[PDB]
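As structure tokens, one chain now follows by itself in the form solved without ligand NLA.
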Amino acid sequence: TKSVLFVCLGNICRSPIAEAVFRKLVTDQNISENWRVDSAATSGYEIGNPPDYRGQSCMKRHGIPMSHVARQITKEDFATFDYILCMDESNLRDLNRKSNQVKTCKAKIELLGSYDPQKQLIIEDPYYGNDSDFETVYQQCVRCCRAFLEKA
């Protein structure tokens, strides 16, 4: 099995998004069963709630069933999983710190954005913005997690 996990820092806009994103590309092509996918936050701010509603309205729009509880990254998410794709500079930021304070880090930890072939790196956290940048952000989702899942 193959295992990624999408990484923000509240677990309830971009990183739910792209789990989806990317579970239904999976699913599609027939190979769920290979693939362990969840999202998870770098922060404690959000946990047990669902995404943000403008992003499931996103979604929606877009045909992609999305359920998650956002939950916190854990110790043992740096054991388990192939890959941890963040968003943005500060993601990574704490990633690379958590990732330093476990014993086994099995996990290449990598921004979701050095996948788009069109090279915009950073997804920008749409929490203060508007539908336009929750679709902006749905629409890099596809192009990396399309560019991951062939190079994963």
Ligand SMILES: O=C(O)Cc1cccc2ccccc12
Given for the second form:
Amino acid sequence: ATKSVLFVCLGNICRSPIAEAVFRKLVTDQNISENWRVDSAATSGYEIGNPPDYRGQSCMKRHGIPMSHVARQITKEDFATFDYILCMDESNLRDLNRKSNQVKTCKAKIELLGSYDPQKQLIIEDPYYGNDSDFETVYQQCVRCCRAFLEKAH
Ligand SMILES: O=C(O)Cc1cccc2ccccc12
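What would the structure be for the form deposited with ligand NLA bound, rather than the form solved without ligand NLA?
Okay, now the whole complex, with that chain kicking things off.
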């Protein structure tokens, strides 16, 4: 059976496209991309249609992680179709839980991506107002969390 994961942040231009790209690389490396549906989306509509933040794209290039994405807003359908919805921070979690209670079918388990970190860094902090080093921190956290999630989901 196909497995599926949706990574979510507020705008779907910084953290969530990086998480999605990291995870897709991990499954592709293990020959199992065809067994996974992997995507990312936004809780809000501010950035719909936009490519990832140029600073995040630069970071991904440096690390050889394939990334190609158009920002989109989460839909009611996503709650019915995804097995996991993994978000970045407490604001995202509060918003997603609100949305989940407005649909009839919520198949998805909604969790913080950082709850999977073996190094126990719960929040993947928003790098929007940060610098290149903050994007690097986000990348490194995503690697740790995505590896652990792939290994064993909650
Ligand atoms: O943000 C809201 O509460 C309304 C709302 C906006 C956009 C997508 C949604 C998906 C599921 C449930 C509600 C949703």
